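Using the sequences and the hints given, assemble the complete structure.
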Amino acid sequence: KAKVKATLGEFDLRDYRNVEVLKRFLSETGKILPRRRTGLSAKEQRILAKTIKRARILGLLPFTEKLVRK
Amino acid sequence: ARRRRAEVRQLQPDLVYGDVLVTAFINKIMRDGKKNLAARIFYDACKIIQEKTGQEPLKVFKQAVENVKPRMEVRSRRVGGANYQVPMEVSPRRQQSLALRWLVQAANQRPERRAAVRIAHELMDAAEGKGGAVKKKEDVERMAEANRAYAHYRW
Amino acid sequence: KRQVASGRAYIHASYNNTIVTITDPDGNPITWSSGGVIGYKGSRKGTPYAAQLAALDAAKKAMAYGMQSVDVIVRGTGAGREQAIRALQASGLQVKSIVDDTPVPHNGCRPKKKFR
RNA sequence: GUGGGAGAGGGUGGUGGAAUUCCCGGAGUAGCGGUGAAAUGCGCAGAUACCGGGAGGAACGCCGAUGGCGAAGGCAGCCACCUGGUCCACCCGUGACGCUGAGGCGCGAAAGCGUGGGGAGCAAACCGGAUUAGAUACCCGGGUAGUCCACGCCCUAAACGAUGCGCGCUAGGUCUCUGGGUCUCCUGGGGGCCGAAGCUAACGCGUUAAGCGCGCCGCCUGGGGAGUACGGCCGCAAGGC
Ligand SMILES: [Mg+2]
Ligand SMILES: [Mg+2]
Ligand SMILES: [Mg+2]
Ligand SMILES: [Mg+2]
Ligand SMILES: [Mg+2]
Ligand SMILES: [Mg+2]
Ligand SMILES: [Mg+2]
Ligand SMILES: [Mg+2]
Ligand SMILES: [Mg+2]
Ligand SMILES: [Mg+2]
Ligand SMILES: [Mg+2]
Ligand SMILES: [Mg+2]
Ligand SMILES: [Mg+2]
Ligand SMILES: [Mg+2]
Ligand SMILES: [Mg+2]
Ligand SMILES: [Mg+2]
Ligand SMILES: [Mg+2]
Ligand SMILES: [Mg+2]
Ligand SMILES: [Mg+2]
Ligand SMILES: [Mg+2]
Ligand SMILES: [Mg+2]
Ligand SMILES: [Mg+2]
Ligand SMILES: [Mg+2]
Ligand SMILES: [Mg+2]
Ligand SMILES: [Mg+2]
Ligand SMILES: [Mg+2]
Ligand SMILES: [Mg+2]
Ligand SMILES: [Mg+2]
Ligand SMILES: [Mg+2]
Ligand SMILES: [Mg+2]
Ligand SMILES: [Mg+2]
Ligand SMILES: [Mg+2]
Ligand SMILES: [Mg+2]
Ligand SMILES: [Mg+2]
Ligand SMILES: [Mg+2]
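Chains as they are written, first to last, in the authors' numbering: chain R, 19 to 88; chain G, 2 to 156; chain K, 11 to 126.
Treat each hint with caution, since some may be false.
[Stated by the list, open to error] Below, a list of computed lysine-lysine pairs in the DSS-like style, where the Cα atoms sit at most 25 Å apart:
(1) K:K123 with R:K84
(2) G:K63 with G:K53
(3) R:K88 with R:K68
(4) R:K84 with R:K21
(5) G:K60 with G:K36
(6) K:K106 with R:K88
(7) R:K61 with R:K84
(8) K:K11 with R:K88
Note that these hints are calculated values from the structure, not bench results.
Structure representation (C-alpha cells):
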C-alpha cells in the first residue's frame, strides 16, 4: 500500500488552510492516520497533527465521520 | 478414539438379498448372539410383509429405513453454567445406526404377539410415513427447529 | 397510514439486547422491535436469533407501512449485531447502504467500575 | 556572549468538538435495563430507540510510541500571553569563580481538613435486589461526602530504577528521540535492548555501572515486640517528624 507522503508534492506541513492536502492524512473516518500509513517522520507527524487540529477548529477538516459498508 | 479414526466394520453381505443393510438390521434384531433366530425372524417378517401387502419387501424396507433417518438432532454443550441443547446435522453412518435402532425398538414396543409380526408391521408403518419409529424420529427433529436459538453454539 | 416508501433503519445492539427502529428519511420513527418485543425475556434477548427475529418483525411492520428502500445505521456491539443486518438484508427490503455510527466519546466522562 | 533547536515544563485568560446527564419539542408502542441466571429499578403522567433545539459539568478520541518534558510529585484538545529548565554550533568573553551539603527554607500523587463556590458522570458511607450454609463481600439497581474551582492547611506512599549528587577512566553491536556536520556515515546530547573486561550470594549490572577510582551527604547492625510507649516539636483536626 502507498503511504501519503510517497504520493504528494513539496507541500507545507504548517498550512492549516490547505484542506486539499490535509484531507489526504485523515482516514475514512475523521481520525488522524498513524505514521505507518503517512510515511512521515516523528517531527513531521507531530507538526501535521497540530495543523490538522487547527484546520478542524476552523471547520475545514471533519472532527469525526461515519463508517460505511460495515 | 483418541489416536485413530476407528475404522468402520464392514459387515458381510446378505445371503438372500445380497445387501448389507439387511445384514445390519438382522444384527440389530439379534440378542444373546443368536443370528440364526434373528435371521428367521426377519425373513418370516419378510414373507408376511410381502404377502399382507403385495409389494417387494426390498424397496419397502429401504423406503422405511429412509423415512426414519432424521436430518438434525441435539447435543449438550457446557457453556457459561449449565449445559444447553445445541442442534446440529447427522452423519450418514449415524443416521443408518439410529434408524435401525429406532426400527427395532419401536417394533418390540408394539402389541403384536410374535416377533416377526411386530417387525413386519413396523416396517410397513415406517414405509407408509407413520408408526412409532417415525414418531421418535420426528420428535428428534422437533428438538431441532425449537432450540434453534442456540444455532451459534454449533461447535 | 403513512406510505413512506423509503427510510432509515437504526440497529442498537448491546450485550443485553438488540433493538431495531425503522424511521423516515428525516429522522422520525415509524416502527420498532426488540428481543423483548418478541417472546424472549431475559438474557435470551441478547442472542443473535432474537436480533434476527426483531429485525424481521420491524421489517414486516415497515412493510405494513409500505417500506421498500432502507438505509441502515448501526450503533453498538453485541451478539447478533451482524445477524440483525443479515436478516434485514434478506428480509425483502432492498438495503441502500450500511453505516456504523457507534457513538464514541473523546474521553469526557468517567465510566462505571465495570468499564475500567 | 552570539546564533539556532526540540518539548503533555509551569502560570493566566480564552476557545473547539465527541460523549454522558437533564430540560423543551416532534414522531413513535410495550418494554427497557440488567445478569451465570435473575430481581430490585424505570415505563400508560408515554419510557427505551430515532430526530431537532437548549442547559450544565467534567475529561480531552485518532495523532500516541516500546515517544517527549520536569529536580521529584508529576505533566496530553486548540489559541494567545507571562515564564523555567535544557541541547547544539561558533572558540568570542571572565579566569578555578568548583563539587557536595548537617540545619534552615521551598516544592511535594492521592486521600483527608477549614471557609466559600460548583455538581454532569463516577462514587467510601448508606439504601435496596441477588448469590450463599450465612453475604456485613465480590454481581445488579440507587446514592452522600468526595471527585471539580478559589484560598488557606495537611508533608504521607511500592513518593521505585526499591539503585543520593558530581567528575574522571574502562570493547562493541542494535533500535530510537533531538541538534550539527564535508549527511553508505560521522559527531554531540537523551531514551531502550544485547553484550567485552570486570563486578555479584545468585538473579543479574555492564560508557544510562550494580565495573575501576576520588569528594561529600543520608542510612544500616538478628526477628517479634514496634513505627508502639514516654518526651519534645509541628497540626484546626486527622495525624506527622
Ligand atoms: Mg438482557
Ligand atoms: Mg505544556
Ligand atoms: Mg501550560
Ligand atoms: Mg419526549
Ligand atoms: Mg408505571
Ligand atoms: Mg412499576
Ligand atoms: Mg445543573
Ligand atoms: Mg494510545
Ligand atoms: Mg529526563
Ligand atoms: Mg522556553
Ligand atoms: Mg578563548
Ligand atoms: Mg586573560
Ligand atoms: Mg546542590
Ligand atoms: Mg536539607
Ligand atoms: Mg500533598
Ligand atoms: Mg486532594
Ligand atoms: Mg473540601
Ligand atoms: Mg452509578
Ligand atoms: Mg454501587
Ligand atoms: Mg440478602
Ligand atoms: Mg555510594
Ligand atoms: Mg542531520
Ligand atoms: Mg547515546
Ligand atoms: Mg546504546
Ligand atoms: Mg564474564
Ligand atoms: Mg543487561
Ligand atoms: Mg558512574
Ligand atoms: Mg551490589
Ligand atoms: Mg530510621
Ligand atoms: Mg531485638
Ligand atoms: Mg504510620
Ligand atoms: Mg524517654
Ligand atoms: Mg506525641
Ligand atoms: Mg496541640
Ligand atoms: Mg496512620
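Here is what the structure says about each hint:
With a C-alpha separation of about 29 Å, the suggested pairing of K123 (chain K) with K84 (chain R) is violated against the 25 Å cut-off. Our distance criterion of 25 Å between C-alpha atoms is met by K63 (chain G) and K53 (chain G), whose separation comes to about 18 Å. Restraint check: the Cα-Cα separation between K88 (chain R) and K68 (chain R) comes to about 30 Å, which exceeds 25 Å; the hinted pair is violated. The suggested pairing of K84 (chain R) with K21 (chain R) holds, with an alpha-carbon distance near 23 Å, which does not exceed 25 Å.
For the suggested pair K60 (chain G) and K36 (chain G), the alpha carbons sit about 23 Å apart, so the restraint of at most 25 Å is met. Proximity of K106 (chain K) to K88 (chain R) is assessed by CA-CA distance (about 13 Å); at most 25 Å being required, the pair is judged to hold. As the CA atoms of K61 (chain R) and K84 (chain R) are separated by approximately 29 Å, the hinted pair breaks the 25 Å bound. Between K11 (chain K) and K88 (chain R) the CA atoms are separated by roughly 32 Å; this puts the pair beyond 25 Å, and the hint is violated.
In terms of the numbered hints stated before, the structure departs from hints 1, 3, 7 and 8, listed from lowest to highest.
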